[PDB]
Amino acid sequence: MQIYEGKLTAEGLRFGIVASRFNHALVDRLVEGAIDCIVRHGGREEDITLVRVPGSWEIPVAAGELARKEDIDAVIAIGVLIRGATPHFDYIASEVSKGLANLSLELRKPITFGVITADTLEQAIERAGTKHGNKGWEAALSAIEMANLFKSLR
Amino acid sequence: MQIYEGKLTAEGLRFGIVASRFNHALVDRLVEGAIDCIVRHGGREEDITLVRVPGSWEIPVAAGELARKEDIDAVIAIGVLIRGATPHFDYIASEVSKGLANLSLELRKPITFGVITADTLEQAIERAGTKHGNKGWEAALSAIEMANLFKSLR
Amino acid sequence: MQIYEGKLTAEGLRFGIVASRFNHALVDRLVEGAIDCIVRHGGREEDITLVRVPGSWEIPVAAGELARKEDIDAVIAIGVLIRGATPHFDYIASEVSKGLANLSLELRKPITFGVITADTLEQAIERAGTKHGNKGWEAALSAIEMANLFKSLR
Amino acid sequence: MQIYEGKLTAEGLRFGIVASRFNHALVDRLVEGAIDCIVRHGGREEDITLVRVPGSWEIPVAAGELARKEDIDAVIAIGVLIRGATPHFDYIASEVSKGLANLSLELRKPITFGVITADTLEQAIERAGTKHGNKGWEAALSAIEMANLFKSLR
Amino acid sequence: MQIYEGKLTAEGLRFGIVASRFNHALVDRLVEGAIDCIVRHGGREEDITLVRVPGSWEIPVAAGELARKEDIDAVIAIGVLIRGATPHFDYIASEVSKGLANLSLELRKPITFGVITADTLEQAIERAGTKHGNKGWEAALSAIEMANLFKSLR
Amino acid sequence: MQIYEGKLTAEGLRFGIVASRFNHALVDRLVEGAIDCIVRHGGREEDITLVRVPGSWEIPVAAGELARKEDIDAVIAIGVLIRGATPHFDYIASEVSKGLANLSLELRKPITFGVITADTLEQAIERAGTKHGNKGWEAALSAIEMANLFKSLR
Amino acid sequence: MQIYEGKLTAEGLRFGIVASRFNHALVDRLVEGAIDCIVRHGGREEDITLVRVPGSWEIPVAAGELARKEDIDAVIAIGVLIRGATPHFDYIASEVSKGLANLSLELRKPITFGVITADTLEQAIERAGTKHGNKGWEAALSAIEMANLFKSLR
Ligand SMILES: O=C(O)CCc1nc2c(=O)[nH]c(=O)nc-2n(C[C@H](O)[C@H](O)[C@H](O)CO)c1O
Ligand SMILES: O=C(O)CCc1nc2c(=O)[nH]c(=O)nc-2n(C[C@H](O)[C@H](O)[C@H](O)CO)c1O
Ligand SMILES: O=C(O)CCc1nc2c(=O)[nH]c(=O)nc-2n(C[C@H](O)[C@H](O)[C@H](O)CO)c1O
Ligand SMILES: O=C(O)CCc1nc2c(=O)[nH]c(=O)nc-2n(C[C@H](O)[C@H](O)[C@H](O)CO)c1O
Ligand SMILES: O=C(O)CCc1nc2c(=O)[nH]c(=O)nc-2n(C[C@H](O)[C@H](O)[C@H](O)CO)c1O
Ligand SMILES: O=C(O)CCc1nc2c(=O)[nH]c(=O)nc-2n(C[C@H](O)[C@H](O)[C@H](O)CO)c1O
Ligand SMILES: O=C(O)CCc1nc2c(=O)[nH]c(=O)nc-2n(C[C@H](O)[C@H](O)[C@H](O)CO)c1O
Ligand SMILES: O=C(O)CCc1nc2c(=O)[nH]c(=O)nc-2n(C[C@H](O)[C@H](O)[C@H](O)CO)c1O
Numbered sequence: 001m002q003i004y005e006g007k008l009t010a011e012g013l014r015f016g017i018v019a020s021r022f023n024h025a026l027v028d029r030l031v032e033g034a035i036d037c038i039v040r041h042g043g044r045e046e047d048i049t050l051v052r053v054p055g056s057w058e059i060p061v062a063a064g065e066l067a068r069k070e071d072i073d074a075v076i077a078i079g080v081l082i083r084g085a086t087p088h089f090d091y092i093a094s095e096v097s098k099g100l101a102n103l104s105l106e107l108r109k110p111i112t113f114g115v116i117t118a119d120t121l122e123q124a125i126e127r128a129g130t131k132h133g134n135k136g137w138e139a140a141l142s143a144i145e146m147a148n149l150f151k152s153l154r
Numbered sequence: 001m002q003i004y005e006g007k008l009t010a011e012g013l014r015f016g017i018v019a020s021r022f023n024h025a026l027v028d029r030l031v032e033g034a035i036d037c038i039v040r041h042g043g044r045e046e047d048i049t050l051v052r053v054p055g056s057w058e059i060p061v062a063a064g065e066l067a068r069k070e071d072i073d074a075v076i077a078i079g080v081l082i083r084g085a086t087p088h089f090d091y092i093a094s095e096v097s098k099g100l101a102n103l104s105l106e107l108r109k110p111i112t113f114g115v116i117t118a119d120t121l122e123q124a125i126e127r128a129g130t131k132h133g134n135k136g137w138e139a140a141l142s143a144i145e146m147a148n149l150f151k152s153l154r
Numbered sequence: 001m002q003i004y005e006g007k008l009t010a011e012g013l014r015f016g017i018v019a020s021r022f023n024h025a026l027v028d029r030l031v032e033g034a035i036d037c038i039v040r041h042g043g044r045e046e047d048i049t050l051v052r053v054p055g056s057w058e059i060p061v062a063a064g065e066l067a068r069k070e071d072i073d074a075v076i077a078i079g080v081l082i083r084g085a086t087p088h089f090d091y092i093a094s095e096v097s098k099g100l101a102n103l104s105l106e107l108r109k110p111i112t113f114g115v116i117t118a119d120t121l122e123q124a125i126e127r128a129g130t131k132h133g134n135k136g137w138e139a140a141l142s143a144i145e146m147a148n149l150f151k152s153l154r
Numbered sequence: 001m002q003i004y005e006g007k008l009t010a011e012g013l014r015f016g017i018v019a020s021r022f023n024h025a026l027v028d029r030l031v032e033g034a035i036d037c038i039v040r041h042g043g044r045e046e047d048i049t050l051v052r053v054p055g056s057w058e059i060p061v062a063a064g065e066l067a068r069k070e071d072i073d074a075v076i077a078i079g080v081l082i083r084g085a086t087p088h089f090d091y092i093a094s095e096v097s098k099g100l101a102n103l104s105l106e107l108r109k110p111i112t113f114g115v116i117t118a119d120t121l122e123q124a125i126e127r128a129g130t131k132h133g134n135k136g137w138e139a140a141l142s143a144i145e146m147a148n149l150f151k152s153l154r
Numbered sequence: 001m002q003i004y005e006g007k008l009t010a011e012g013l014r015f016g017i018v019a020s021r022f023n024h025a026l027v028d029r030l031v032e033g034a035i036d037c038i039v040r041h042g043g044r045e046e047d048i049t050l051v052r053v054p055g056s057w058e059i060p061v062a063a064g065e066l067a068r069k070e071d072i073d074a075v076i077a078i079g080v081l082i083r084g085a086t087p088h089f090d091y092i093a094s095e096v097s098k099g100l101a102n103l104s105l106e107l108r109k110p111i112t113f114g115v116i117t118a119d120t121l122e123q124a125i126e127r128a129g130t131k132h133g134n135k136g137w138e139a140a141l142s143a144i145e146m147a148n149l150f151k152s153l154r
Numbered sequence: 001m002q003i004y005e006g007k008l009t010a011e012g013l014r015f016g017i018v019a020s021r022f023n024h025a026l027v028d029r030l031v032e033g034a035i036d037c038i039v040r041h042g043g044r045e046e047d048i049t050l051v052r053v054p055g056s057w058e059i060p061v062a063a064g065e066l067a068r069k070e071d072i073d074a075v076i077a078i079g080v081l082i083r084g085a086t087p088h089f090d091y092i093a094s095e096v097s098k099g100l101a102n103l104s105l106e107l108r109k110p111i112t113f114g115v116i117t118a119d120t121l122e123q124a125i126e127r128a129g130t131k132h133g134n135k136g137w138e139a140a141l142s143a144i145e146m147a148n149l150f151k152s153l154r
Numbered sequence: 001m002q003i004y005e006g007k008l009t010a011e012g013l014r015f016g017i018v019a020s021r022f023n024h025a026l027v028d029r030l031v032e033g034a035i036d037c038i039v040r041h042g043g044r045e046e047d048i049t050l051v052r053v054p055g056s057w058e059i060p061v062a063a064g065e066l067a068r069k070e071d072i073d074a075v076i077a078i079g080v081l082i083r084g085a086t087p088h089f090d091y092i093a094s095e096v097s098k099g100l101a102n103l104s105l106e107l108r109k110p111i112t113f114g115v116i117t118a119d120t121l122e123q124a125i126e127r128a129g130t131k132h133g134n135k136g137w138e139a140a141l142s143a144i145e146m147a148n149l150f151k152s153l154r
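Protein chains in written order, with full-length UniProt numbering: chain S, 1 to 154; chain V, 1 to 154; chain F, 1 to 154; chain C, 1 to 154; chain R, 1 to 154; chain G, 1 to 154; chain Z, 1 to 154.
Think of the hints as simulated: they come from the structure by calculation, not from any bench. We treat Cβ as the ideally placed atom computed from N, Cα and C, and that holds for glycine. Please note that the accuracy of each hint is not assured.
To be verified - If we take Cβ atoms under 8 Å as the criterion, some of the chain R residues that face chain S in the derived model are: (1) 7; (2) 9; (3) 40; (4) 41; (5) 42.
Next comes chain S alone, as it looks inside the complex:
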């Protein structure tokens, strides 16, 4: 059987992070987590490109530019959506997720999903460096794995 997998050592890997500003008090913890994950797995901070955008809505178009860079191995999308009173959350969460996934397939490059989609503020806090971990760290670890996988698969 031929088996392909990615290790979790990040030496030499180069990452793009796109991070929105809405709910920044939480997003900033996700960004801290993603960078820490990369660095302590052996990636160099210098090899990270961070792009800031206003909201989750704007993440895909920026991620599309980063993922097109030949010197970026994977893109990590970071944001925090918390349901409000209206269905706005639904439409943004749907389009952010669809856009990122579509871009990944179009560009044949891993784009990982570190966007919290929470019904409540409590759920978002839980996932931004408290009881349920740090979604930024999770999405970064995924990106490390996928970038290494792609070194043999792509």
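Dock chains V, F, C, R, G and Z with the ligands against the given chain S, drawing on the hints supplied.
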């Protein structure tokens, strides 16, 4: 670390706004907000192109023409959807959001989302220049930021 | 500020209407409304092309052929979906709306939405020439406006 | 009448399996089922290529690379999604399913769906080698059939 | 400020794992997770020493022998306790935790805690490779970090 | 990977059993079970040393003397605690468990836990040779395994 | 370890099917499933012998004659029992199952159980080619496996 971000000064930037006429008593406040945000951030009103369309459904096709203009740096979509008795709202909100996001990615140009998607009239009023701000102003500010970001990122 | 908008006079405009047969007792009222709107706004009935299809499912593929005609300025989609006992309604409504919107963007030509998506028969009747107007007339009026807009915008 | 169908003998067929690691205690049972199905229907284990990825989110991009291999007849996607507290499940499940289906159509190659999408842990266990069978085995059997079908249809 | 921390690359590190057999259907998933975490972080499987013992009660005495080995950098304790009808669970969980912690301090060597202490079988399953991750993987990662930390701190 | 484990053949192994007299009608069944387990796994009854003590409180001090014997490979602690009206049970159970575990670590010799800690008489009966097995037999089997393990590990 | 198992390719295998007529509208679907399973796994339809009998009661005596044929490798029993108002169902289901199992052991030949034993008509429909699969297909697949197994085991 390489860091890219957009400032909020709008000198020299050129914006397209596509604004629907359905629920105009609310949309017109969103348009006022977007224009004010551009102008007081340093953008010239002469550098704004405003396109009116009948309803939210029609926003994407018009935005597609504006976004294709080489002299437009970002497009701001402005509309107001309020849920009625039938699921019509769902289908329009889904397609307007999907279309705009898809166009942004296809054209590699920022298109911001100033479309209210409210369950009630009260929620729409709240977001069109009253207690929960002005979604037109928010979408304009996002567009300023994204246009500035793209000056280095694109 | 540059301002683009469409007037509501339809002199010289040429329209395609795609109308499904399912629920025809209602769809036929929508078609009457669309034609009346065009004619009394100055459009010639001879400049209308009407295509009939079995159900809402089949509207997009027919609309795609009409919208590709260089001598059609806009397409008006007309149908009536009424929720039944199963989720079938959801999947048809989702695809008819997605298809039309996608075609509009792909062909850079206005395609308006005169498809009722009702939970009940009563709601459909309300929107097919009774208390809540006539969705065919609304979609036709939109098409008039968009065709005029596109005369300067496209 | 011309009739095309796929037999279930897997002699000479070559398969790609993409299996995520999230919920591995269940996914690993699905992988065991898929491999067993192939082998006991006559396929050689040496003709299987297994790609591991972090989560269901990452399955499509990896499946896209495998499906593009001329010496892969079909791809089997294997993962386990279990609903949590937030709507995150919905967005991942929607994009994994959409991506795989889109890739299948784009590449004109069968990609089968062995991804459990469960509301509860119990439901996932039921479908990963207990009372409701093994979704990996089902997706592999489907892939066998489709690969054979395509030998005359493609 | 002097700052000491451990990276997550496991090259050259040597680990002891002590894993009980009670509830093995769950423990065995924790062992899989720990080994995977070591290997994909760069540790060699040949540098792992695995000791099996009957129950959680027996973990400390075995861990004491492994931790005393000069060529073991950290020990990972792996077990699954599920509360029964009597308070037995309390006394075992208390003593296994106390013993491991005491040994770590006595021997000035990291000993990490991969012992699930669940009120229910469902909670144990959740933590042994399903919705709440894999406690073996978590304890292994901790051990990697602590072994690296100790390379400068000890 | 280096793997250490204990087999369940007891040829040549020498055991100490410390058994309390309180609740003897149950403890005596546990002692029967422990002896049977040893003998039918190949241990000689002559190689068992049995020490009787008044209550569970007194088990540790006796176990400490037995575990210090160079010709004892493992000690099996056997007793029955049943909750009464006062918290006395808690303090005895806590100390008997802590003492045994501490002695095991101090003397680097396996001491297994065959002490029932029951809330009710029914629970104790269940665990002393009826529906939930025989805790003496379990603790003896553990001791066999640990003594064998220690033949290579210690 | 010596391991014996049956593959699922049916080339050269010869099968007997005994199918009752009571509840034929469902049994006939089970028979379709059994034949399809055999044929698409490589068995020849000419190598199938189908015996029809009145009711489940009569399946064993007919299966006894088929299983005694040296040129039959396995027998598949197919029927549908649905509980009525009286305990009649219980006695028939008990004897059909006992008879078939007894005959299998007596003749040292696989006889598989494709007899639905349902409390309700809905449950029977579910298992005769709808949501819970096709019991005829399942029993045929079992027979394939057992016939192959017996080629080395018998
Ligand atoms: O309309 C609002 O501002 C409240 C709803 C909202 N919620 C969030 C959220 O929870 N998380 C988030 O990242 N972004 C959000 N955006 C902003 C949009 O993403 C977008 O920036 C604007 O609509 C302008 O395009 C939102 O508009
Ligand atoms: O059918 C109706 O008119 C009521 C539902 C409705 N609601 C809204 C709304 O709340 N906001 C909005 O901007 N537009 C709407 N359009 C119109 C469609 O957008 C479209 O103009 C027509 O269907 C014609 O294409 C609507 O049709
Ligand atoms: O955010 C979480 O980690 C909990 C939700 C979650 N649940 C599942 C699940 O049930 N099954 C699964 O296969 N994957 C999951 N991923 C991970 C994503 O798929 C993805 O790996 C990450 O978002 C990083 O891209 C998840 O993020
Ligand atoms: O997981 C299951 O098998 C039960 C759910 C299910 N239900 C249906 C159904 O009701 N109708 C249907 O036509 N197919 C189904 N498929 C199978 C999938 O379509 C597909 O074949 C498999 O996921 C393998 O790719 C299903 O998987
Ligand atoms: O008495 C019982 O066997 C049931 C309670 C029990 N539960 C667990 C458990 O949930 N997990 C576990 O790892 N071990 C257990 N041990 C066994 C003890 O740990 C020990 O092996 C015996 O008491 C013999 O020393 C247990 O005795
Ligand atoms: O098992 C879990 O991860 C959830 C419970 C838990 N909760 C916390 C917590 O709330 N705070 C905290 O500081 N640590 C925790 N650790 C981790 C352990 O401390 C330890 O790191 C691991 O068990 C590995 O040794 C935990 O394991
Ligand atoms: O007595 C009745 O006819 C109703 C009960 C009944 N139910 C079933 C059934 O649900 N399925 C089935 O296969 N057969 C049945 N037979 C008939 C007996 O099997 C038998 O044919 C007669 O008793 C005559 O021997 C039954 O008699
Ligand atoms: O009809 C079904 O498949 C569901 C019921 C069922 N449940 C089990 C089960 O829980 N465990 C099990 O080992 N087998 C089962 N078999 C299959 C039969 O044993 C037999 O294989 C078939 O009836 C074919 O002969 C079953 O048919």
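How the hints compare with the structure:
1. At about 5 Å, the closest approach between the beta carbon of residue 7(R) and any beta carbon in chain S falls short of 8 Å, and the interface hint on this residue holds.
2. About 5 Å separates the beta-carbon of residue 9(R) from the nearest beta-carbon of chain S, less than 8 Å, and the hint is met.
3. The beta carbon of residue 40(R) is positioned within 8 Å of a beta carbon in chain S (closest approach about 5 Å), and the interface hint is therefore held.
4. Hint status for residue 41(R): holds, given a least beta-carbon distance of 5 Å to chain S, under 8 Å.
5. Taken as an interface hint, residue 42(R) checks out: its beta carbon lies about 5 Å from the nearest beta carbon of chain S, inside 8 Å.
Checked against the numbered hints given earlier, this structure breaks none of them.
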